[PDB]
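With one protein chain removed, the remaining protein chains of the complex are shown where they sit.
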Amino acid sequence: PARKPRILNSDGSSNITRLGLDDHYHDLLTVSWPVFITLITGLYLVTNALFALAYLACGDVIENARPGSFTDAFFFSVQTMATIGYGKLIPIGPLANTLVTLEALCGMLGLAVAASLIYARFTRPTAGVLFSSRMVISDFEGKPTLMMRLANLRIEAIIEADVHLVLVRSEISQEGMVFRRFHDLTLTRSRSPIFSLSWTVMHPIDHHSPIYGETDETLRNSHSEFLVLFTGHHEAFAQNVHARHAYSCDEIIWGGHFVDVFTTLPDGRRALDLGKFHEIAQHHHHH
Amino acid sequence: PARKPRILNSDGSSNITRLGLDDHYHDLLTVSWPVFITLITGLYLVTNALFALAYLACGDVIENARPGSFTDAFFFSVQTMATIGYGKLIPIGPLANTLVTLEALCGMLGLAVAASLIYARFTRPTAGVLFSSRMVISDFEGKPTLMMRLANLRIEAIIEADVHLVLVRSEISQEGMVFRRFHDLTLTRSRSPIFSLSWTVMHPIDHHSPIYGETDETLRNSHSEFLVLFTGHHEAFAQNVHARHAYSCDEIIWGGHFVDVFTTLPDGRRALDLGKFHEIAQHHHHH
Amino acid sequence: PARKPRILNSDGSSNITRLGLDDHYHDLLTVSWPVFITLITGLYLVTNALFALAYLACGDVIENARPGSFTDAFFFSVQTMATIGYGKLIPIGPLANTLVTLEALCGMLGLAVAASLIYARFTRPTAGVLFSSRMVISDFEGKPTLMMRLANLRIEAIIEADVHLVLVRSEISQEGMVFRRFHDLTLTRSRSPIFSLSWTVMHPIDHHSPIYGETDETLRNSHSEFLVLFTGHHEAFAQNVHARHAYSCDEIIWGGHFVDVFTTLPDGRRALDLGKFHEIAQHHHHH
Partner (left out) sequence: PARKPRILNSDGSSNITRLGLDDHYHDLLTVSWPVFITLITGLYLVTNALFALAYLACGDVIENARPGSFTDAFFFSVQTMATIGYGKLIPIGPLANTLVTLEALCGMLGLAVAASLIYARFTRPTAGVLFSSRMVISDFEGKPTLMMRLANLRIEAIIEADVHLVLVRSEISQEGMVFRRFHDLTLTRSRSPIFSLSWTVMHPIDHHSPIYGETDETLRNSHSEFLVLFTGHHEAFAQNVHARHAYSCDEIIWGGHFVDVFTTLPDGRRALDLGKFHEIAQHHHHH
């Protein structure tokens, strides 16, 4: 009955805190876009600090640079690794040429890699799928059915898309303490070969259903939450995409009916009106 | 009976109009090939307009450029970010060198990214699958079976390919108004481990079938359309591909039989003749 | 009984001849490695022929090049699009600089794309799966079972790998002429979460089997062939791979038993001996 703390947030993210360079690839792609341009911008500097430090490690090898001045070796270093090569700051002798070839080799390895991640980070698209703000439990074809709906926000379609409704709630074990059980709920249409507009997902509540007989109260008490797992291959990106959302007992409108989002234009051509997406019809009795 | 407006077009595209920078990645890959070369061509210009604007923000730092002339700073700017570095327009002092390194850093970030999308846009292949112009309903192994066929237009094969026949038609709810129902039709062979030539898809019409007993009329009236969803992994691209098509009541040849597309060459070696692909045998009674 | 022409070759390729720039992406990746280096090597030349043709379209704009000589404009053109920029052949005036920026823009678009395909073509790996030279039909757990085996030639493993045995043979329709039927044969283990060594695929021949009761003769006569479709995700490439093979009636050793390929090393550690891979035990009666 009483209000409780959310285990999952509306965006299907968790409120559990785990407890714990050693995971660079993940780290690299994982970091905020500024921190990345920072790391890279950094590495770049350090290598030219190293090479500048190399051409000085040997005598005054480059021409037109002042002796022992690291500055000159460093700006040369950028000009040799970025393949600009103006022609003022220039090498001298066999040794300087060898180092330059090496820095050019790296500068080329530098980009090839800076570009790999630059792209990996890039090729992680959203589905632009919209989830309904509530869900309803309402009789459908004479059976109390729990339902929620989602819509594709993009012109381009999503193919072989599918979704999961997963109840989560505390339940006493046959023996021992209480644990939240992961109940994957059976749907009338789990898969959808194509999805461009709107989809009402629904789980009929029959004798086998975890929420069979469950009321608001018993639900509240079981501390039950629901989680939508949507996934599918976006036609637009030619690639996979996903999306999560979470609902709570407060959200479920009982006897709710989603409202038809399909509208006729003045022109008379039909259309989809995402304004009704969250509208839920409800019947009100007297007093 | 009467003619009606198409909900889907032959190319399986929709005639619904939704209603609604905020979606850059999608936008970027989404845009027409000219608009892209335009955006990029543009950004390029703006940055060199910015850098040219930087070397001028400080005194006359570059050598061989006229003072205060933005022009010189800008063409220098392209030569410094594209790593040409002729050696006429050249930096001076510590500050100019630092900016040059920064522009070189960007010019390298610029390409790495311009190349990501250049490739993403590129790696979205067609299946080169051809759909039959009509479909038929014809008895097959003593059961009225709805069928349509598709063929692979490329030498290279498509693997683990599969298709969906999805009837779409207006149907009165158990209560409330009319809605088009998404009937996914059961096929005799949904999957095909490999597909290189021709495939007749078919949905037997038995007691469970949505179109069981349905006639042209009742079909027309139910405003029914059919949609082919083909997908599969092209051997050629080593990658996934798909294709849609739509059919209408007018298209279905009742009692139609697709005509064998397999032909013997003069040499005697057998072959596939895509000329008969759309040919449908029909029996004509008297008068 | 009599020998016949193969519809599929040992490498699971077809002997049907279809009948039929318009398909560039496919074409590009499709072509032989020389033809590719050729197309590219070509395009490169044509553009610099175009740009060289541009700097000449206007007066003598570049310095150190002879007037009206296309040669000079062309080698300059490579040096401006490849971002070498020695500093002999150099622009003059606002117009030359503008074209140079444009060629640099293209030269950078040129690589980004030349690299996309350079990579796409590259990232199409073989599975290095080996197929047995014959197949056998032999009693297994008291049931005549058709079987064939394949092995992974690479240290690295293949995961969620699966295979299809697909009989192909001419069969008279319930009405009309003869057509080859695609019989996908039911296996005892279609999927395999992991595969690194050897796998005997097998299709038990029971009452439901297409080849139930079929003999060599009836098989020969039905002109039956079998096709192995293997697919799976190679751990090595972190990517998908596949492989086909075809067998004929001549190949099937009846009463054949594949011979155990697992061998103990002198060291005593166990090992896999791909020498027995194609060895088939057969029992020989008298006379």
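To keep things simple, chains are lettered A, B and C as they appear, and every chain counts its residues starting from 1.
Basically, contacts are C-beta pairs under 8 Å (C-beta built on N, C-alpha and C of every residue); 3 or more make two chains touch, one makes a residue touch a chain.
Of the candidate positions A:84, A:151, A:161 or A:249, contact with the hidden chain is made by A:84. In the complete complex, the residue from A:41, A:133, A:200 or A:231 that touches the missing chain is A:231.
When the missing chain is restored to the complex, the residue among C:39, C:236 or C:280 that touches it is C:236.
Taking the complete complex into account, residues 37, 40-41, 44, 48, 71, 75, 78-79, 82-88, 111, 114-115, 118-119, 122-123, 125-126, 128, 140-142, 153-156, 159-160, 189, 192-194, 196-197, 233, 235-238, 260, 262-263, 265, 269-275 of subunit C touch the chain not shown.
Residues touching the missing chain, restricted to subunit A, are 7, 14-20, 23, 25-26, 29-30, 80, 83-87, 90, 94, 97-98, 100-101, 104-105, 107-109, 111-113, 115-117, 119-120, 123-125, 164, 166, 174, 177, 179, 182, 184, 227, 229, 231, 240, 242, 244 (touch as defined at the top). Counting over the whole complex, subunit B has residues 83-87 touching the chain that is not drawn.
Here is the rule we use: only the chains that are shown with their structure count from here on.
Spacing of subunit B relative to subunit C, judged by their CA centroids, is 24 angstrom. With centres defined as mean CA coordinates, subunit C is found 33 Å away from subunit A.
Across the assembly, subunit B contributes residues 83-87, 111, 115, 119, 123, 125 that each touch 2 or more other chains.
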